[PDB]
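Number of protein chains: 4
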Amino acid sequence: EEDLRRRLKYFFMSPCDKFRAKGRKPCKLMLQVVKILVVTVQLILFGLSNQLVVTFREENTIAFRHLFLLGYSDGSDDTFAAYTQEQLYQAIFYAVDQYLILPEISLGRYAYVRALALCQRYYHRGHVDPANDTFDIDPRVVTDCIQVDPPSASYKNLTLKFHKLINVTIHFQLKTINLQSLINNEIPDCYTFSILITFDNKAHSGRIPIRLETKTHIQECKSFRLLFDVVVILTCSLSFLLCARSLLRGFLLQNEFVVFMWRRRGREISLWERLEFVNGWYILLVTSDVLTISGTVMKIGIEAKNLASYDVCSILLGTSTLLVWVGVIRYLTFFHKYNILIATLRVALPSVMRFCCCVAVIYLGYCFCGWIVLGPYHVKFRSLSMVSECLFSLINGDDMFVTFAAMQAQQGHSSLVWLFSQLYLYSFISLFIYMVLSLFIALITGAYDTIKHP
Amino acid sequence: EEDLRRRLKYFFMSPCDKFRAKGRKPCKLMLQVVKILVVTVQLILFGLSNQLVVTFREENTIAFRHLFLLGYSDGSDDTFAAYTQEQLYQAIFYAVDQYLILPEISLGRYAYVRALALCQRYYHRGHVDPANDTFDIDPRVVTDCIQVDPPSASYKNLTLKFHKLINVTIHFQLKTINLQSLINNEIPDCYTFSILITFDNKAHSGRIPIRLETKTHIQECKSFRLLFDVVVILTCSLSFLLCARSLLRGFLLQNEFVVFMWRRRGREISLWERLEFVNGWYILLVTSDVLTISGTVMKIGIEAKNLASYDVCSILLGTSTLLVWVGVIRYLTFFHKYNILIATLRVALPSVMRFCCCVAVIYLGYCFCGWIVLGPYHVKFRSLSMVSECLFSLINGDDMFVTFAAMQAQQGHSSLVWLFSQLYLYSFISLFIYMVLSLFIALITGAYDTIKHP
Amino acid sequence: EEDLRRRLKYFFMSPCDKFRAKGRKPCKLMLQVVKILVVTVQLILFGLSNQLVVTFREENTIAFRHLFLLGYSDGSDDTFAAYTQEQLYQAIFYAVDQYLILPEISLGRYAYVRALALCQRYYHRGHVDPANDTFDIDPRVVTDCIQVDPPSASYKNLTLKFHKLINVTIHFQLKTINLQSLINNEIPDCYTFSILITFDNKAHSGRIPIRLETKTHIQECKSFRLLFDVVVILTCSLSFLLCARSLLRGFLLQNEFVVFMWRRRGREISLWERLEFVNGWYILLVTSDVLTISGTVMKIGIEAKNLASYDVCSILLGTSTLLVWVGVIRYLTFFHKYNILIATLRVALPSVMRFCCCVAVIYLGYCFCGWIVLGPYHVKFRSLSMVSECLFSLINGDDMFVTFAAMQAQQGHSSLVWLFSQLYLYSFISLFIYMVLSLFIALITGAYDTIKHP
Amino acid sequence: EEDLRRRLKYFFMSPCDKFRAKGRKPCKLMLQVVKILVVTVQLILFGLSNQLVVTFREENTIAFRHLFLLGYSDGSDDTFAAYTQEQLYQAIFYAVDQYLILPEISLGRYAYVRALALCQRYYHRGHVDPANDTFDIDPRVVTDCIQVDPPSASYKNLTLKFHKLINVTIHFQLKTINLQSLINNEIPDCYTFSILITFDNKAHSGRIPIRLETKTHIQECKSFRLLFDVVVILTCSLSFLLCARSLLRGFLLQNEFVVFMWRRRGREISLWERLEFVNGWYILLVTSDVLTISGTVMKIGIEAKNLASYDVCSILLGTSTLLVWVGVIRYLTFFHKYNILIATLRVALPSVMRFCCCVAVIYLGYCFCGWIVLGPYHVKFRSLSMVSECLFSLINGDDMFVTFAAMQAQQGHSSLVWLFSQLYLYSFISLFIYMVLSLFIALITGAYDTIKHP
Ligand SMILES: *[C@@H]1O[C@H](CO)[C@@H](O[C@@H]2O[C@H](CO)[C@@H](O)[C@H](O)[C@H]2NC(C)=O)[C@H](O)[C@H]1NC(C)=O
Ligand SMILES: *[C@@H]1O[C@H](CO)[C@@H](O[C@@H]2O[C@H](CO)[C@@H](O)[C@H](O)[C@H]2NC(C)=O)[C@H](O)[C@H]1NC(C)=O
Ligand SMILES: *[C@@H]1O[C@H](CO)[C@@H](O[C@@H]2O[C@H](CO)[C@@H](O)[C@H](O)[C@H]2NC(C)=O)[C@H](O)[C@H]1NC(C)=O
Ligand SMILES: *[C@@H]1O[C@H](CO)[C@@H](O[C@@H]2O[C@H](CO)[C@@H](O)[C@H](O)[C@H]2NC(C)=O)[C@H](O)[C@H]1NC(C)=O
Ligand code: NA
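Protein chains in written order, with the deposited numbering: chain D, 38 to 151, 162 to 198, 215 to 285, 296 to 527; chain A, 38 to 151, 162 to 198, 215 to 285, 296 to 527; chain B, 38 to 151, 162 to 198, 215 to 285, 296 to 527; chain C, 38 to 151, 162 to 198, 215 to 285, 296 to 527.
Some clues are possibly wrong.
Since the list gives no way to pick one copy over another, a pair counts as held whenever it fits inside one copy or between any two copies.
[What the hints assert, rightly or not] Listed next, the in silico DSS-like pairs over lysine-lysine satisfying Cα-Cα at most 27 Å (straight line):
| no. | residue 1 | residue 2 |
| --- | --- | --- |
| 1 | 59 | 265 |
| 2 | 265 | 227 |
| 3 | 285 | 238 |
| 4 | 59 | 224 |
| 5 | 525 | 278 |
The hints are simulated quantities; they were obtained by calculation from the structure and are not laboratory data.
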C-alpha cells in the first residue's frame, strides 16, 4: 500500500524538492547544462570557419565581375542586359580579351588551369518568318563549341545565329592561393574558381540578360576540433541513452498505476490520465539528440571526402541548437508547478489554434484575389509566392507606401482596377490590424485567465 | 403536436449530429467540397496562363525603350524629359532612325507591318506675346501628319511649332512570333505590338515628358480546359439550384412557426424571431454562385471573340474565390453552436461599428487639414487621395522618417508651417497608435466577454 | 414648483425625444448640417485652385534647373556643389550664357523683363595667413555688383576673391503666360518668375553648395465663388449668433438652479454641479465659427490686394474644417446618453494624462542622451529636433535597420560608443513597444470599465 | 510611547501634507528643481558647441574626398575600389598631383605643414606560385617609405609589388583657420587636419578598397561657462551631501524600529519590513550625483590639456541627464500613495521578468539558427550581431520585404534553403507579433489588477 503510493509521489517530485530530501543525484541534470555549452561552442566555432571562407568567395566574384563583364556598375545585377546586336558581340569579345591578358591586369595571383571554352547552342533547323507565319522547327539542340588556349585569328570571325539562339556560354577555371591563411596558423588552402558566364536568351524577347556564377573546390596544398566533435557525439549520445531509460521508466509507472486501478476498479481511468504520466520536455530533448549526432557525423564526413555541400549539415545543426535553447525553459517552469502543465493542449491551445485556421483561410483568399486581379498591372504580384510575401509585408507594414504609389502611377488608366485596388488594400490592412490582432489578444487573455484562476 | 415540433428540431440539427441519427445524406455537403477544389483549380490554371503572357509583354516593352528612346537609363521613367530645343529634335530623329534599320539591330525577330506615321498637333491660330499680353487664340486643334515608309529626304527638314505645340506623337505597329511556345506543346501565337511614343506638352511649362506605351493583339497563326469550364458551370449551377431550395424551405418553416404562434397566440413574436430561422451562410455561398458562373461565361466568350479585356473577368473571378474560402469557416463553427450565432449583429457588431464611424471621421478631418496646409510645400501631398495614402501609411508606419526629413529640408523657411507640421504629425501619430488601437481592443474584448459569459 | 422642474427636464431632453413630444423646431440642427456641407465645399473648391497653381510652379522651377545649372542630374539637390576653383567659374559662366540665348533654347515662351544682375559679396579687409595665424579682419560687408543687359566683353574677366568670399548671387526676372488657362474658361494670368541662384560660402570649408529658388507674382493680363464665400460667412455667422444665445441660456439656467438650492439649502452644491449645466460641444462649434469667418475675410482680401501669402489663410481654414468634422461625433452620442458625458475629465482622462506626462519625460531623457553621445559619429543625430524625429520614427519602426547599419559601419572604431549604442537602442525600443503600449492598454481598459459598469 | 510613534509617522509623511502641518522647510526640494534646470542647461550649451565643431569637420572631409580621390561620386563610399593594375597606379598618382598644386585649386585657405610621405608595406620574402603550390613566406613586414616635399622626377618610377602587397598608405597634414568664428565673438581656433589615405589589400582577393580618414587637433591661435561648471559641481555636491544624510537618517530609523520590536518581540519582523524603511528614489538621484560631477571634472580637464577624447565625458553626461529626467516621476507619485510602492519588485515585476527571460532565450535560438543556415547565401547575415540587428528589425518591421526579395533572387537554386527560409521567417514573424506581444499584455494587465484591486 505505502510503497506503491510513494513511487508516484517521488516521480512527480520536483528536483529542487528532491535534493533537499534525498540528496545529491547530480549526474542527470549536469550533463544537460554541459550539453548546452558544448553544442553552442561547436556551432559558433564552425560558423566563424564559414564566414572566413564565404567572404573570400564573395569578394572574388565581384572582382571577376569588374574584370570580365563590359560596362558593369555596382548594385545593378538584374537590370544588366544587351539589347542591340553589337552589344552582344562586344560583351563576348571583351570577356575573352580580358582572359588572355589576365596576369598583366588583375591583382590577386590568378593562375590558369590547363582551358577557356566558348560554346553556343542553337536549334537544329529553325525558320521563323513573321510575314507568312511559317515555322518548321526541330527543337533538337545542337551545341557548337570552339576552343581557345591562352599563353587570335581562330577566336574572331565568330558568327552567332540570332534567329535560333538559345545560350551563349563561356566556361573556364582559375586557381588561386589564399594568402590570408599565413597568420591564421594554418596551411593555406588552394582554391579553384570555376566561372560560367551566361548570355541567356530563353524568352526570345529581344533582351538578353547576363550573369556570372562561380563555384569553388577547396583542397589542401603541397586536430583540435577533430577531438571536439568526438566530445559532442559522446556527450549527446549519453543523453540519448539516459533520457530513453527515463521515458521507459515513465511507461513502467504508466502501466503500474492502471493495474492498481483494476483492484480498486475506478471505472478504468481514461486517456487523459495515462497522458498525464510521461512528460512534456524529454521528447523535445531527445529529438535534439538525434538531430545533433546526425549532423555531426555528416560534418566529419565532409572535411575529408568532399567540401561542397555544407547544406544539409547546416540545416540540421541550426535546428538542433534551436531545440536546445527552447529546451531551457523547463528550468523556469520548476518555479511554476501547475499540476500537469500539459492540459493546455486540451484547454487553451485548441481555442487559439482553430482561430489560427480561420485567419489562415482569409489570408489565403486575399492571396488568390490579388494574384489574378492585380497581376498584369503591378510589378510585385507576379507569382503567387511573391504575392504572399507582399501581403504579409503589408500586415506589419514594410512596403506600404510603395505599393500605393505604384498603384497610382498608371494602373492601366482603366479606373476600374484602381477603384478595386483602393477597396482591396484598405479593407485588407484594416482587417488584420484591428479586427484580428484584437481577437487574438482576447483569446490569449481568456486562455491565461482560464489557466490561472481555475 | 409532435410532428410540428420535431421539424423545427431537425431543422436546427447539426449535420454531424444528423449523420449519427439519420444516416448518409451526403450529396449536399460533398459538392461544397468539390466546389472549393474545382474553382481554385480553375483560378490557378488561368493565372499561370496570364503570367506566361504578361512577362513576354513586359520584356518586349523594355526592349523597345532601349531601342527607340534616346539616352534611356533604367528605373528613371517619370523623370525622363527633354528641356531644350535640340533635345526634342534629337529624341524624334533618333526614334525614327532606329525604326528604319530595325532588322539590322534588334535580337527578337521583329517584322514590319504594312507604316510609321509621325504627326504633330498644334493650335489653329495662337499668338503668345508676353511683352504686351496679347493673345488671339482659337483652341481648335489642327493635326498635321507626315508619312514615312520603311524598306530619307522626306523625313527631315521637319519644323515643329514650339509656341503652340500640344503633342508630338509617333505611331507604328510591329509583329513578332512567340518562340517560347514550341516546347510548351501548343501552337505559337503571333503577337502584334502597337507602339505610341508620346511627347506630351500639355502644361506648356518648358518641360516635355516622354513615354512609350504598347498594346497587344494576340491571334493564332497559320480542348482540355474548354471541357473544364463546362465542369465548373455545371457544378456551380447545381449548387445554385440546391441552396435556393434550402432557403425557400427555410421560408417554408419561417411561416410555419408563426401560424402556430396564433393558435398559441404568443403575442405575435417579433422580427428577431423570424430572422432566427433562415441562416448566416447560404446567402454568402449563393452570391459566390452567381459571381462564378457570370465570370466564366465571360471567359468563354473572350478566347474566341477578342482577347483584349481580361479585366472584368478577372475582377469577378478574384472575388468569387474570395467568397468561397471565407465561406469555409462554417465547417469550423459546427463545433461552436451558440444558439443563433447571428445576434452578434444585434449585440456586439453595432458597438464596434459606430466606433468605426468615429474613427473614420477624425481620419477624414486630418485629410482635409493636411491637403490644404501642407500641400504647396511638400511633394507627397498633392491630391487628396495621395494624402489619404500617406497618412494611412503613417498609421502602421511605412513612410515616416522620409516625411519628417522632407519637412526639415526647407518648408519655405517660414517657420510657421514647420511649427504647424510638428504639432500636426506628432498628434496624428500618437492618436491613432495609442488612444484608438487601445479603445478598439477594449471594445472587442467587451464583445467577446458579452458573447461568451452571458 | 412644477414649472421650475420641467425647464430643467426640457433642457437635458434629447432632440430625438424632443421632436416626438414637442414637434418641429428644425432650424437649429439643419444649419449645422448645412455648415458641414458648405465649409467642406469651399475648402475643396479652393484646394483645387492651389494645385493647378502649384504644379505649374513646380515644373517651371525644374525646367529652370536643367537650363541654368551646370551638370545637374535629378534627385541630387543637396549634394550639388563646386569643390575646385574652375568649377565655380564654370558654374557662373554657364548660367549667364544660358540666359543670353534663352529664347533660342527653351520651350516655354519665356520673355525678358527690362535685367540680370551678377553680384558678389566679400569682406572689407580680410587677411587670412595660416603660417603666422595673423588676421586683421573688418567683418564689414562690401557688395560689388555688375550689370549685364540682354539683347560680352564686359561680362568676362571677372575676378572672384576666394579668400574673403561670402556669397556669389545672380538675380533676374522672367515673365511667362499660362496657356493651360485657355480651355479652363478663364482669363490666362501672366506670371512673373523671380530667380535667385545662390553660391553660398558661409562655412568657408572648401565646399560651396548651389541652389535656385523661385518666387511668383500672379497678375491678371490685358464671380461664382465671390458669391460663395459671402454664403459661407452669413451661414457661419448665424451659427455664431444662435449658439451664443444657447450658451447664455445655459448660464441662465445655471444660475436658476443654484438660487432654488438656497430656499432648499442643499449645502450649496459644488462646482461639479454648475459644470454639469452647460455643454461639451457648443464651445467647440463656436470656436470653429470664429476660425472660419476670420480665414474667409482674409481670403477675400488676398485675391484683390496681393496673392503672395496663402499661408495664414491656409492654416486657419485647415483647422476650422478639422473642428467641424470632429464636431460631428455629437450626433453619434445621442444614442449613448450617460448622464453628463463630461465627468470623464474628472474620472478617466486624468489617469491617462499623468501617464502621458510620465511617457513624455522618459522620451525627453532619451533625446538628451542620444544627441550628445551619438552626435558626432552618426549622421541623423545633428540637431535635437532631428533626434526627436529619429527616435519617434524608431517607436513605430520606420528607420530601424538603417540606423543599426550606420552604427555598424565605423562608429569611430572606439568600441565604447558601439557598446553604448547597442545598449542604448535595444533598451529604448524594447521599452516603448512592450512596457509602455501595454500599460496604456491597461489604463484605457480600466477607464472603459470604470465608465461603463459603474 | 508617543514620541517613538510619531517619528515614524513624520517619516512617511508626504511633503505636501508636511507643509500644510509643519510649515516651510523649502531648501531640500528647491535644489532638486534647480538641479534639473542647471544640468540640462549645461548639457544643451555644451551640445551646441560640439555641433558647431563637428559639421566644420564633416564638410572638410567631404571636400578632401572630391580633391584627393580619383573618380569619387557621392554616397558610394564602401563600394569604391580599384580592381585592375592601372587603377591603383592612377589613384596614387592623382592623389599626389592634387597635393602639389593644392593652393591653386581648393577654396578654403589650406596651408601646408612642414611633409607628404608615401609608404608601402610588403612582406619580407614572399613567393606565391599556384602552378606548384610553393610558398616560402616570412610574414615579417618591411616598410619602404618615400619622401615628397611640396613647393617630380623623384616621385614617379614607383614600383609596387603586387604579389606581396599589404598596404599602400599616404600620410600628410594640413592646417586651416576657421573663419566662421569671426561673427561668433570668439578667437578663431586654428585646426590641423591629419589625412591618411588607405589602399587596403588585406584579403588579397583582387579587390582593393580605398578610404580617407581625417583627425583634428584644435589649438588656439596667436570665462562665462568656466564659472558655469563650478556652479554645477557645487549645486550637485550639496545634493550629494544632503541626500546622504537623508539615507543614513533612514538607516537610523531602520534600526530604531527593530529594537522597539524586541521589547514588543513581534517575532523579529523580516527583511520585507526593513526594506520598507528606506526609499525608492534617493539612490537613483545620488547615482546621478556621482555621474554628473565625475563627467564635469573630466570636462574641465579637457579644454586646457587636450581636446581629443570627447568620448567618456559624453557617455557620462548623457547618462546623468537621463537619470535626472527619469528621476522627476517621484513628483507624480506623491498623488498616488500606495503604501510602499516598492513591493512591485516582490509582486508584479518578477512575473514579467522571467517571461522576459523566456522571450530572450527563444530570440537567441533563432539567432543561432539564422546565422549558420542563412549565412553563406544572404548578404545581411554575416556576423552574429548583424543577424541580431536584422531579426530585431523584423519584429517591429523595418526590413521585411527586402529580405524576402533577397531570398527570392537565387538562394543557391538548391530549393531546400528556400523551403527552409519560408518556414523560418513566417514562424518567427508570427510568433513574436501575436503569441508574445499578447502574452505580455496579459501579464501587465494582470500586474495592474493585482496592484490596484488588492
Ligand atoms: C543553355 O540552353 C541549353 C538548352 O538549349 C541548356 O541545356 C539544357 O539544360 C537543362 C538544365 O541544365 C537540361 O535539363 C537539358 O538536358 C540541357 N539540354 C542540353 C541539350 O544540353 C543549358 O543548360 C543552358 N545553359 C545554362 C547555363 O543554363
Ligand atoms: C495630344 O493632344 C491632342 C489634343 O491636341 C489629343 O487629342 C484629344 O484627345 C482626347 C483624349 O483622347 C480626345 O477627347 C479629344 O477629342 C482629342 N482631340 C483631338 C482634336 O484629337 C491627343 O489625344 C493627345 N495625344 C495623346 C497620345 O494623348
Ligand atoms: C550672402 O551673404 C550676405 C552677407 O555677406 C547676406 O546679406 C545679409 O543677409 C541677412 C539675411 O538676409 C541680413 O540680415 C543682413 O543684413 C545681410 N547683410 C548685408 C550686408 O546684405 C546675403 O543675404 C547672402 N545671400 C543670400 C542669398 O542669402
Ligand atoms: C597596413 O598594414 C600594416 C601591416 O603590414 C599595418 O601595420 C600593423 O598595424 C597594426 C594595427 O595598427 C599593428 O598592431 C601592427 O603592429 C602593425 N605592424 C607593423 C609592422 O606596422 C598597418 O597598420 C596597415 N595600415 C593601416 C592604415 O591600417
Ligand atoms: Na523603407
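Now the hints, each set against the structure:
1. 59 x 265: Result: close neither inside a copy nor across copies, 75 Å intra and 61 Å inter.
2. 265 x 227: Answer is within; shortest intra-copy Cα gap is 10 Å, inter-copy 45 Å.
3. 285 x 238: within (14 Å within a copy, 54 Å between copies)
4. 59 x 224: Neither, since 87 Å and 74 Å both go past 27 Å.
5. 525 x 278: neither (57 Å within a copy, 62 Å between copies)
Hints 1, 4 and 5 from the earlier list are contradicted by this structure; the remaining hints agree with it.
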